[PDB]
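Below sits a lone chain in structure tokens, taken as the form solved without adenosine-5'-triphosphate (ATP).
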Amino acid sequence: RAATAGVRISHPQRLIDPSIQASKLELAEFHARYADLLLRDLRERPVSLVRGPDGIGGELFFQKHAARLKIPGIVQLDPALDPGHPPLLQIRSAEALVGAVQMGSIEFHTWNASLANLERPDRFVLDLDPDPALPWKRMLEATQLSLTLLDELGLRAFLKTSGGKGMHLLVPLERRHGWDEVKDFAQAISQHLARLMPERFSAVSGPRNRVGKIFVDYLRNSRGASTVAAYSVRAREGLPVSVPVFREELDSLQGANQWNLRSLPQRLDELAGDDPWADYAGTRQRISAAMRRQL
């Protein structure tokens, strides 16, 4: 089990994705090999799991809580953090990560807060969700326009493909605001973009509210909500990976799912050390009165 973080994988040959002949064992090995990358996000944050016991051709279980865990190493958080439910979950090691895969996990989504203080988010996320019939170039322009606004606000943002159909923007914040304050700020950004360019942006959820447009989704900033971890896999055809990218290579992208679990190695080799999110951990910013004035 040297390639699976010491974890025994049952039914190693069952297929997670028949389209590319990706087995459960392959998925487990990917998580062992890149555990450190995924842990850059998962290590100190509560995590929600997307489990697919029958692969992507079957259905998916979105799990936040668990009473009994068969994942050696997985941490069960204090029930007081979410009364009336079994413990929340936290993965802090490769063993726990691979163990989750052994138990059917395909996706890992994290909270916008870390164990240091789960009542003060350390980031907010903006997910640009497009109409399933909108040209990719539209998402490209929408991303640039969103980044320009963030720059004017004086906020450093970190971009990554979603592995699905849109782009994700992570904005770190000092732990000086409550959940509501941060979510409302994110919503204010969405609404601002919607008022400036209503033909491009929407600040209201629901497909019928973004026909031929892009919804600047701020709802993942609700306490308990979560966002796909950078470098993690999506339970979709081709097993796409969510990949951090440089703003300078944004217009060179052709989709939000160009990279997958097998092409990630090529991506890492091409970068050869270059880290799109090199300045993430060192970023120190907070919500200011000036930012609220601009919005």
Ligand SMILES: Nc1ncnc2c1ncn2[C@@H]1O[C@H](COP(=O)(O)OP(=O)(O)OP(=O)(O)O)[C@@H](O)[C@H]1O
Given for the second form:
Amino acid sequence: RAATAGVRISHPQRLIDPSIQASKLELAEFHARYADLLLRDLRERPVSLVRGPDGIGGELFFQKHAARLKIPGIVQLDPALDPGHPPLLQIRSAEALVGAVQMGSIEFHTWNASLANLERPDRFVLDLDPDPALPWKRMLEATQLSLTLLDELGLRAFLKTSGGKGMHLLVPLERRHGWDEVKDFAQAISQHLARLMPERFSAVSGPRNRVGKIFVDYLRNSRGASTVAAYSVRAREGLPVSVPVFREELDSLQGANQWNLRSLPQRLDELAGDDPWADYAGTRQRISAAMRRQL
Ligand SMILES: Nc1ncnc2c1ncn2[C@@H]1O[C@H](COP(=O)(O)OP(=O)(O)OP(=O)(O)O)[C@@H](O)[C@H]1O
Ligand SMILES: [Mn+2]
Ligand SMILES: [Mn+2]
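Show the form solved in complex with adenosine-5'-triphosphate (ATP), please, because up to now only the form solved without adenosine-5'-triphosphate (ATP) has appeared in this conversation.
Below is the whole assembly, all chains and molecules, this chain first.
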């Protein structure tokens, strides 16, 4: 089990994605090999799991709480954090991560807060959701415009492909605000973009409210909500991965799912050390009165 963080994998050969002949064992080995990359995000944050017992061809189970986990190493959080439900979950090691895969996990989504203080978010996320028939160039243009607004506000933003059809923007924040304040700030940004360019942006959820447009989703900033982790796999055809990218290579991207679990190694080799999110951990910023004025 040297390639699976010491974890025994049952039914190693069952297929997670038949389209590319990716097995459960391959998926486990991927998480063992890149455990450190995924932990850059999961290590100190509660995590929600997307489990697919029968592969992407079957149905998915989105789990937030668990009464009796069977993942050696998985941490069960205090119920007081979410009364009326079993304990939340946290993965802090490669063993726990691979153990989750052994139990059917395919995707890992994390909270916008860390164990240091789960009542004060340390980031907010903007998820650009396009019309299922909108040209890719529209997403690129929308992402560029969103980054421009963030720069005017004075906030550093870190982007990554979602692995699906859109782009994710993560904005770190000092733990000085409560959940409602951060969510309202994110909503303010969405609404602002929707007012400036109503032909491109929408601040209202629902596909019927973004026909031929892009929805700047701010709803994942609610307490308990989560966003797919950087470098994590998506339970979709080809097993694409959510990949952090430089703003400079934004216009060179062709799709939100251009990288997958098997092409990630090549991506990392091409970068050869270059880290798109190198300045993430060192970023120190907070919601200011000036920011609110601009919105
Ligand atoms: N079955 C579910 N029930 C409730 N919430 C879910 C469920 N599945 C996923 N979610 C949450 O809602 C969000 C939506 O995931 P989704 O893949 O649809 O958006 P995405 O990560 O941006 O990919 P895309 O670019 O295709 O929109 C996730 O971040 C997840 O936390
Ligand atoms: Mn989305
Ligand atoms: Mn969304």
